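Taking the hints into account, I'd like the entire structure generated from these sequences.
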Amino acid sequence: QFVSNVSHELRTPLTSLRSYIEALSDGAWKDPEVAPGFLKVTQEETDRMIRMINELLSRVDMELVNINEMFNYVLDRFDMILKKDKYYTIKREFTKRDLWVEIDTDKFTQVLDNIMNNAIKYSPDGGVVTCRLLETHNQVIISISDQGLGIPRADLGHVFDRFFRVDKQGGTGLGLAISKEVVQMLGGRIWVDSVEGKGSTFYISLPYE
Amino acid sequence: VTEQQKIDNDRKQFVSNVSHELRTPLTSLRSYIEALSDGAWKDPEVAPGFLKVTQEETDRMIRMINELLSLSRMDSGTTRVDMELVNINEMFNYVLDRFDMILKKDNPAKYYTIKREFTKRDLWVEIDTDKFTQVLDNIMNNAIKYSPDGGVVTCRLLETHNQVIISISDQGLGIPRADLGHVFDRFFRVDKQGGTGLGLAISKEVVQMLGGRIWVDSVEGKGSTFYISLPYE
Ligand SMILES: Nc1ncnc2c1ncn2[C@@H]1O[C@H](COP(=O)(O)OP(=O)(O)O)[C@@H](O)[C@H]1O
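Quick mapping for you: the protein sequence lines, in order, are chains B and A. Read left to right, the first sequence gives residues 384 to 441, 451 to 477, 482 to 564, 570 to 610 (the authors' numbering). Read left to right, the second sequence gives residues 372 to 477, 479 to 564, 570 to 610 (the authors' numbering).
If you are wondering where the hints come from, they were derived from the structure by calculation, not from laboratory data. Some hints here could point you the wrong way.
Stated by the list, open to error - Distance condition first, Cα-Cα at most 30 Å in a straight line; then the derived DSS-like pairs of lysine-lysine:
id, chain 1, residue 1, chain 2, residue 2
1, B, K475, A, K413
2, A, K599, B, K482
3, B, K413, A, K413
4, A, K423, B, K475
5, A, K517, A, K423
6, A, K487, A, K599
7, A, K475, A, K492
What the hints assert, rightly or not - Ranges of calculated distance between the beta carbons of each label pair, as one might list FRET restraints:
id, chain 1, residue 1, chain 2, residue 2, range
8, B, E498, A, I433, 30 to 36 Å
9, A, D521, B, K599, 26 to 32 Å
10, A, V452, B, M472, 35 to 41 Å
11, A, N534, B, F560, 38 to 44 Å
12, B, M586, A, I378, 28 to 34 Å
13, B, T485, A, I537, 37 to 43 Å
14, B, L474, A, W496, 42 to 48 Å
15, A, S387, B, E455, 55 to 61 Å
By construction, the Cβ of each residue, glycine as well, lies at the ideal position given by its N, Cα and C atoms.
This is the structure:
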């Protein structure tokens, strides 16, 4: 059913949560410098998941947001996923400008979640996931590069098809189909370049003003 | 008519239940977190206790989405199976061993003994070892959870010309005869944290996928017996 979809999308926020709670429980609660901030995040994520379940049991909600530190926030949650508990670095290279863009926040945060999952999951044996936020031509470009298993150039098309998975562990293959679905739904475009064994780079373009 | 309709109706109530059964731990979660954010975290006497409850609830929903995902995969037919000839006897024995050894490492809340009564023949049978061992696991888990203290889980591996039978017997409080049909339905729980109401549902699904058939006999106040039947030669 469409149940399979909520099943899939709750995965990464459940992870974010379990990861943060485990951090607080492992002592961070005693630390006044951080424990509140973590609590705000666990709160925000729980509320996110509730919204998610409600919209999918019973539309887009476009609002203007500051893409820069939304992307920073998502990346923060993953930084905390990769801590606690191969080594991965999230190398961030954003423009210093604050690019504002019309999007659905929960849907788009789901997109970034899937693509960081991909960049990380198909990167065993370590890696450096490199995240770039820039703009040209009234478009806002996000790129995510990993030193993963790459993609055979034959399949570079099919990675956005439903259930389509490469040969080589895990998943139903609806991550990138949902991602493409959402990105096109927001008036933007998504694509991938990749070199088998080298790594990969995922791109999203969104209209700017 | 009622053909297509039973299908669509079952589907829509399953969606309604997934909505609720997912949403409810999220709600509980929200309440504890919100409590912690509103000061409880500064309090050493309560903050750990709350953090454990929130940890556990989160783990619960994770297991649930794993099971709702394997269930989607099985309805879809996406669920690939690998039938291979394996030794049912020592597979069932290895399962029982893992359970014996969890309780052999102590101190335990409740105490149970696993009584094994197997046929002496070495039954070789084509099955997917991993999915079927998951089945045996849910049913043993179940057998254990609804057991009294000192209870005896009675596990039988036997055979008939036509069949290979596994039974898992518990001395729990049994199942109302109204509900004997419903015990394998999704999210169906008798009363009841501790787990998702998808254990037995997955079990029945997997067993039918492996070509066998699964059912329950039970007497209120006495206990229960779960049966798995597999085709033999
Ligand atoms: N960095 C990456 N490197 C190599 N392959 C990738 C990468 N990201 C996505 N893919 C490919 O996309 C396929 C399916 O993607 P996805 O929808 O995310 O599946 P899943 O259900 O596991 O989440 C995968 O088989 C994978 O090979």
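Here is what the structure says about each hint:
Distance restraint check for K475 of chain B and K413 of chain A: the Cα-Cα separation of roughly 24 Å lies within the 30 Å cut-off, and the hinted pair is therefore satisfied. Of the supplied pair hints, the one linking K599 of chain A and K482 of chain B is violated, its CA atoms being roughly 52 Å apart against a limit of 30 Å. With a CA separation close to 7 Å, the supplied pair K413 of chain B and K413 of chain A stays within the 30 Å bound. Only pairs whose Cα atoms come within 30 Å are accepted, and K423 of chain A paired with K475 of chain B is accepted, the gap being roughly 20 Å.
At roughly 21 Å between alpha-carbon atoms, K517 of chain A and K423 of chain A fall within 30 Å of each other, so this suggested pair holds. Proximity of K487 of chain A to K599 of chain A is assessed by CA-CA distance (about 17 Å); at most 30 Å being required, the pair is judged to hold. As the CA atoms of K475 of chain A and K492 of chain A are separated by approximately 26 Å, the hinted pair is consistent with the 30 Å bound. Here the CB-CB span from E498 of chain B to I433 of chain A is close to 34 Å, well matched to the stated 30 to 36 Å.
Look at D521 of chain A against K599 of chain B: about 60 Å separates their beta carbons, and that is not inside 26 to 32 Å. Between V452 of chain A and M472 of chain B, the C-beta spacing of about 38 Å keeps the proposed range 35 to 41 Å intact. Between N534 of chain A and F560 of chain B the beta carbon distance is about 43 Å. The supplied range of 38 to 44 Å therefore holds. In this structure the hint that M586 of chain B and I378 of chain A lie 28 to 34 Å apart at CB holds, the actual value being about 30 Å.
The hinted range of 37 to 43 Å is not satisfied by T485 of chain B and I537 of chain A, whose Cβ atoms lie roughly 55 Å apart. At about 46 Å, the beta-carbon gap between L474 of chain B and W496 of chain A stays in the expected band of 42 to 48 Å. For the hinted restraint 55 to 61 Å between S387 of chain A and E455 of chain B, the CB-CB distance of approximately 30 Å leaves it violated.
In summary, the numbered hints that this structure violates are 2, 9, 13 and 15.
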